Every structure is written in C-alpha cells, then in structure tokens.
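Every protein chain but one is kept in place in this view of the complex.
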C-alpha cells in the first residue's frame, strides 16, 4: 500500500 | 525480565 | 460521556500517559473527553487527538484487510458458512463507528471554531482522512457519496493551505501526501496522485533553504514519504 502521513504534524 | 512459556504448547 | 466528570487538564495528562503505555483506545477516549469540554485545542492537543484515533483505526484497518483477504479467497474453494463474512462485518462496523465518532467531533464543533490556518487545515485533512477510511470498506449505494465527501474536505484544506502556509509546512505536506493517496487508492486517479506528489515535493524542495535545521528535519521527513510513493507508483 501507499504511505500516508504520520498523525503528528508540526 | 525472565522469559516465560509461550501460550501454545504441544 | 464517561469523561464528563474529569478535568480537561487531567484528560490531556492521561492521554499522554496512555500514549506512553501504547493504550491507544484509552488515549482516544481521553482526547474525546477533552474535545467535549468545548474549548478549542492547541497544536499539541490536536496532534494527541490524531495520534490516538489514527492508531485505533489503524488496528481496525489492518484487521479488516486480513479478514477481507480471507473472505475473497473463500469465494474463489470449500464452503465454510457465514462466519468469515460475519466477523469481517463485525470489524467493519466497529471501524465505521470509530470514523463516525471522529467525524462527529470535527463537526461538533472543532471545524466551525477553527479559524487559524494550522488548525482549520489540520481538521479538514482529518475529515478527509476518516472519510477515506470509510471509503476503503464502502461497497454500496453511498460509496460514491463517501468518496466525494473525502474529496471535498481535502480540497477545502488544500485551497486554504496553498493560500496561507509555506510549501514546507508539515501539515500542508501531510495533507498533500494523503490527498495523493486518496487519488491513487480510492479515486482511481493514479496520474492525479503522481502529479500532486511531484509538484508538492518540488515546491517544498525549493523552500527548504528558508528553514532552520529542526524545521528542515520535520519537512524532509514528509517529503521522503512523497518520494517513497512516487517510487512505488512509477
């Protein structure tokens, strides 16, 4: 599968 | 910690 | 709610403890309780909310995929009765309940009170994400409407992020990453996915020179995910 964003974003 | 038994035992 | 009697600050403190203990169901319940206090969330608190529910739904998505794979094999050969379908449906229903809970928190009333770009884009991205998770398991007469709800939320977030945030902003980057995943995996639009990932990556590359060492590290981490996807997709 494709990589999606981490949950924690600055 | 010490190692204990796996759950599945023959 | 079971958290109505606990102080907001105590709920946040316990959410952080639950994260350390890898108790993400607890973490999500604590952060749901904090949201329901009615005050806006700080940047750190928004991240705690997202970490908690992303981990909960992540376990459900992984389980659903295992069970769905087994179910599809069974339909290729020996009959085994309704159990695989029943249990896949059980997990699917629990997953949908978690997505509905998150979407409910965003609608009542996180998004309408979020005026700054960093909060509004973060929440609209979340709305797109949890409609995307619903789309992953949708098969009936509302799959099209679920997909368009994800698309609409992502598009509103994109419009704001392009106007109000620099191209290296990690929220903007994570949003573009996830919208590109939506295009590739949900919307049958691999070319749109590839184009968005490439333009996002290149516009971030050209803005890296403006950043501190620590911000550079934050931004390049997400940029690498765009690159990993482009390598998978091309």
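We just call them A, B and C in the order they show up, numbering each chain from 1.
Convention: a residue touches a chain if its C-beta (ideal position, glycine included) is under 8 Å from a C-beta of that chain, and two chains touch if they have at least 3 such contacts.
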Sole residue of C:76, C:83, C:213 or C:214 that reaches the chain not shown, by the stated touch rule: C:83
Absent-chain contact - pick from C:41, C:52, C:67 or C:138: C:67
Residue ranges of chain B at the interface with the undisplayed chain: 1-10
Residues from chain C at the interface with the omitted partner, ascending: 10, 13-14, 17-18, 20-23, 26, 59, 62-63, 66-67, 70, 80-81, 83-84, 86-87, 90-91
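The rule we apply is simple: only the chains that are shown with their structure count from here on.
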Contacts with two or more other chains, residues of chain C listed in rising order: none
